[PDB]
Each structure stands twice: as C-alpha cells, then as structure tokens.
Amino acid sequence: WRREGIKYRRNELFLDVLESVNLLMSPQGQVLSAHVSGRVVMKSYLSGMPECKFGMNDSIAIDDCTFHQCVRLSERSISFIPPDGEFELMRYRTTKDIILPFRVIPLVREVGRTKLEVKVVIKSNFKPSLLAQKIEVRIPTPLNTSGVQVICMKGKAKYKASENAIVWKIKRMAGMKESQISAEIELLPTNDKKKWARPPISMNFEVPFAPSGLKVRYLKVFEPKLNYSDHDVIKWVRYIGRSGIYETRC
Amino acid sequence: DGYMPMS
Numbered sequence: 161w162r163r164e165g166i167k168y169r170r171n172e173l174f175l176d177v178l179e180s181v182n183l184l185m186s187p188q189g190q191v192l193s194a195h196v197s198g199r200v201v202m203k204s205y206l207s208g209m210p211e212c213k214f215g216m217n218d240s241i242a243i244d245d246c247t248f249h250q251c252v253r254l255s260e261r262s263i264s265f266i267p268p269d270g271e272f273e274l275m276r277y278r279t280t281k282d283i284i285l286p287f288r289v290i291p292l293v294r295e296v297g298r299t300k301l302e303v304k305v306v307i308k309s310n311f312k313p314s315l316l317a318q319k320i321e322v323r324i325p326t327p328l329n330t331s332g333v334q335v336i337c338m339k340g341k342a343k344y345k346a347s348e349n350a351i352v353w354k355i356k357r358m359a360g361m362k363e364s365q366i367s368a369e370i371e372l373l374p375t376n377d378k379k380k381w382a383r384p385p386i387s388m389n390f391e392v393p394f395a396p397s398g399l400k401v402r403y404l405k406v407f408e409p410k411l412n413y414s415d416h417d418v419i420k421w422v423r424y425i426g427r428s429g430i431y432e433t434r435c
Numbered sequence: 610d611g612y613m614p615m616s
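For the protein sequence lines, the chains are A and B, in the order given.
Using PDB author numbering, the letters of the first sequence map in sequence onto residues 161 to 218, 240 to 255, 260 to 435.
Using PDB author numbering, the letters of the second sequence map in sequence onto residues 610 to 616.
Read the hints as simulated data drawn from the structure, not as lab findings.
Do not rely on the hints blindly, as some may be mistaken.
Chain B is nowhere near these chain A residues, computed Cβ spacing over 12 Å in every case [stated by the list, open to error]:
1) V191
2) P393
3) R423
Cβ pair distances, simulated, as ranges [unchecked claim]:
4) A:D377 to B:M613: 50 to 60 Å
5) B:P614 to A:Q188: 39 to 49 Å
6) A:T247 to B:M613: 24 to 34 Å
7) A:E271 to B:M613: 13 to 23 Å
8) B:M613 to A:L285: 16 to 26 Å
9) A:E348 to B:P614: 36 to 46 Å
10) A:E164 to B:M613: 29 to 39 Å
11) A:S347 to B:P614: 37 to 47 Å
12) A:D244 to B:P614: 25 to 35 Å
13) A:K354 to B:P614: 28 to 38 Å
14) A:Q365 to B:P614: 30 to 40 Å
15) A:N329 to B:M613: 46 to 56 Å
16) B:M613 to A:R169: 16 to 26 Å
17) A:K380 to B:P614: 52 to 62 Å
Taking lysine to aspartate or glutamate and the EDC-like style, the derived pairs with C-alpha atoms no more than 20 Å apart in a straight line are [as the list claims (entries may be wrong)]:
18) A:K308 to B:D610
19) A:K319 to B:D610
20) A:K312 to B:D610
Built from N, CA and C at the ideal position, the CB exists for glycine as well.
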C-alpha cells in the first residue's frame, strides 16, 4: 500500500486513544455490567518507511483485540510500518479495573397519584484537575405526565414530551464534584393496575482520559535510510473516553 | 483543544 517516496518537512504523529465505557448499575449502586470498547487510531506524517514500536501498559488487563494487517505480533508489544495518513492500529476490550467516571444516584417519592418527587445526583469521580464535558443526563417521565417542573444549580434542563424524558445538560464539570437536579412530575390518571416500570436513567459524557486505565508508554520511530532518528519526531497523544450505554437502574 | 505532547 504505502509507497516509498514520502518526505515531510515536519515529521509528526498524533495518537488517539478512543474508549467507550459501558455500565449498568443498580439504584443501590452495585455494578451489574461494565466493559470498555477501545481503539487506537494513528495520524502520522513521517518520511520514509518507518518501523514503529507502540508501547503501553498491558499495568492493565486487556481482554481481547484485533489488529491491522501490518503488525508484527511478537513485554511483547506492537511493531509495525504505518500507512501514510490516518489508520486504526489496534482495537481492544476491557472488563476489569475500570474507572467509572460518574455515579448517578436517583431518588423517587410518590405523592398520592398526582405528583412524583424526583432528585438525581451525579458524582464525578476522577482527577479534579480534569474536566468532563458534553455531559447529558436523561430521566424518563411516564406517559401520563401532565407536566414537569425542574430546578438545577448547574447546567440547563427541559422536559421533552416528544421523548418522555427530562434532558439535563452540563457543559463542563471537574472531577470529584457533585451536581443535582430536582423535578416535580405532575401526573394524569391512567390504568392503575398497570404500574410504571421505571426505565433507567442514562448519561452521556466525555472525559480526557481512558476509563480502562490504558496508558501509552512509547512510540519509537526508527528510520534506517534517512537521517532522522526517534528523538526527532514530534509526538502527540490524546485520550477520549466517551459513554457508551451508561445507565443507572432506579 | 487537540492533544498534549508525549511523555
């Protein structure tokens, strides 16, 4: 694939660690299911035909992975000659020792058959130096909702009836913190033998770290022919963990 | 912003 005449003024590479953390918790707060899907994407502009050693802290427990076709399998880490441009290096999955960036603590209080009292607290759980962002919390309402009143100190919240959820949104929030929201759900009457099974509360967030604790140790570039070595390459790395399915039962 | 430098 990768031709041989590749020459660049700046020999740069950018390492993207993209993780998707999935969690199902009890209202109590017990984890009922949790895994992390991951991939590592490389965007590089290096001259020649480079030999690349990618090094991480495999420490962490990685539970399977599939590679791209130019990988010398045999720590044993990964050596490879990368296509120019952008390509996916490896793709892994984790279930042990996962950082769960947010705890969602729900509280519901019936009031006759008219009202429903709802309080939901999110607890960020990471380095306070670090900011989660793009935070959304989804709280389903019943179908016989007549109307919804909400208050929250941080961020904004509307009741979307088309969707039967209260959607609370928070632009940023630092590790080890708390925010809470409170709603009064005004109810219509309905078929009383049919009770309301409480759908889970779901969250979406983005965090500048990998919730699987994968770190990147080294990416050593070796050029035999051309007169640049490893400590010449500008290297950059970011981690972007996002919520997959992330639901607290209630 | 983008990234932070490898180290």
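Checked hints:
no.	hint	in the structure
1	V191	holds, 30 Å
2	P393	violated, 9 Å
3	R423	violated, 4 Å
4	A:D377 to B:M613: 50 to 60 Å	holds, 57 Å
5	B:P614 to A:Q188: 39 to 49 Å	holds, 43 Å
6	A:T247 to B:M613: 24 to 34 Å	holds, 28 Å
7	A:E271 to B:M613: 13 to 23 Å	holds, 19 Å
8	B:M613 to A:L285: 16 to 26 Å	holds, 23 Å
9	A:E348 to B:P614: 36 to 46 Å	holds, 42 Å
10	A:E164 to B:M613: 29 to 39 Å	holds, 32 Å
11	A:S347 to B:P614: 37 to 47 Å	holds, 45 Å
12	A:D244 to B:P614: 25 to 35 Å	holds, 30 Å
13	A:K354 to B:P614: 28 to 38 Å	holds, 32 Å
14	A:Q365 to B:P614: 30 to 40 Å	holds, 38 Å
15	A:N329 to B:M613: 46 to 56 Å	holds, 50 Å
16	B:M613 to A:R169: 16 to 26 Å	holds, 23 Å
17	A:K380 to B:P614: 52 to 62 Å	holds, 56 Å
18	A:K308 to B:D610	violated, 25 Å
19	A:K319 to B:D610	holds, 14 Å
20	A:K312 to B:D610	holds, 19 Å
Figure legend: structure checked against the earlier numbered hints; hints not met, in rising order: 2, 3 and 18.
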